[PDB]
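Some chains have been omitted; the remaining ones sit where they do in the full complex.
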Amino acid sequence: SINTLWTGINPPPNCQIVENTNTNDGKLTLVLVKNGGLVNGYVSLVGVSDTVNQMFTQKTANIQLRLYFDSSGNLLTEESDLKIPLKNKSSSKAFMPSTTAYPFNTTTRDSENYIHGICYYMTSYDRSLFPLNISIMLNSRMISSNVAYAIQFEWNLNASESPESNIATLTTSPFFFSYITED
Amino acid sequence: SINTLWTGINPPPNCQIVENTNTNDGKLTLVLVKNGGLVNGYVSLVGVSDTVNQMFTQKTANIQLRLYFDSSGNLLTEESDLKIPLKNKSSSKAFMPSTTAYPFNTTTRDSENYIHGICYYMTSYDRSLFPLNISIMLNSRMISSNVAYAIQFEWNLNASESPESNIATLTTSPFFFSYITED
């Protein structure tokens, strides 16, 4: 119990997808559950701005969300794309990605710093599914400051046709993952 | 501990795949584990009737299983395709899908009510794998009555060739998922 760090169910716009957009244009739902040596995660994204919700009118698209954490395990909102700190339900460090399992400053050892999977986008018209490649990069590149941990999410759409012809709420079906915690 | 709602390991025929089949023609193994703000799930299906175990002689097939729950979190067996209530191992409401994260009566917000993935069918002859698209829909459509929650599973086979030439035990490899609980 009380072993859950998250963005809260239906959070307000809390991240920035478009660079240079003083306003949050996306809604990221991230749920991290401590479960022994593993963190059980859940991640889905919803777009809010007209710009975000138009990215799927093109056959190709990329969305990246970077989370940087300090030694205590607190989200460094100024440097991260997620602008609202995570909470608990009703020791953030225990929800963080092991710097041992996932080491920093290493390209010789950067490969074991990635989780790769597939999630989907359901079109607004015929409700068809477009697969989205999703990658989660743990630690590895500490942007700067006193970044003690990092979690970067990236969704990539690479289709032969555009999933939408016009504005439609961008949504990424839920991607499940786990990673070894710093305990 | 005691935070697990399931159908029991090797249950008897407990669901109805073919509409209008007074008898249960399938064996659904569903395991739901409470783990903080997330339910960790496991689902696999085994076919029992000659009819079910012949669905894979065609290149296309669809199987749907709807679970409807009341406010307490109890399976409404008369309305659901699963006909035997779930049990525990030796607060069902805490195993239910958040009506906040996954709202009812909403097509404007029905997309974030789906989990989509792939699981597999292993042929009885050359043991080859056929991918099965699987979708889990949370709440969204409350069939009727005092349905407080809903979980619908759907497997879809869409192949160029038929996986089987004759009767063979239909089996769906295990699909893992998670969803935000009503806590």
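Letters A and B mark the chains in the order given here, with residues in each chain numbered from 1 onward.
Simple rule for what comes next: a residue touches a chain if its C-beta (ideal position, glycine included) is under 8 Å from a C-beta of that chain, and two chains touch if they have at least 3 such contacts.
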Per this structure file, total copies of the shared sequence (2 shown): 3
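As a convention for this text, only the chains that are shown with their structure count from here on.
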Rounded Å distance, chain A centre to chain B centre (Cα mean): 27
Chain A-touching residues of chain B, taken from the complex the two chains share: 35-38, 40, 98, 100-101, 111-112, 114-116, 118, 133, 176-180, 183
Residue ranges of chain A in contact with chain B within the complex: 1, 3-4, 6, 9-10, 29, 31, 33-35, 40, 42, 44, 46, 89, 118-120, 122, 124, 129, 169, 171, 173-174, 176
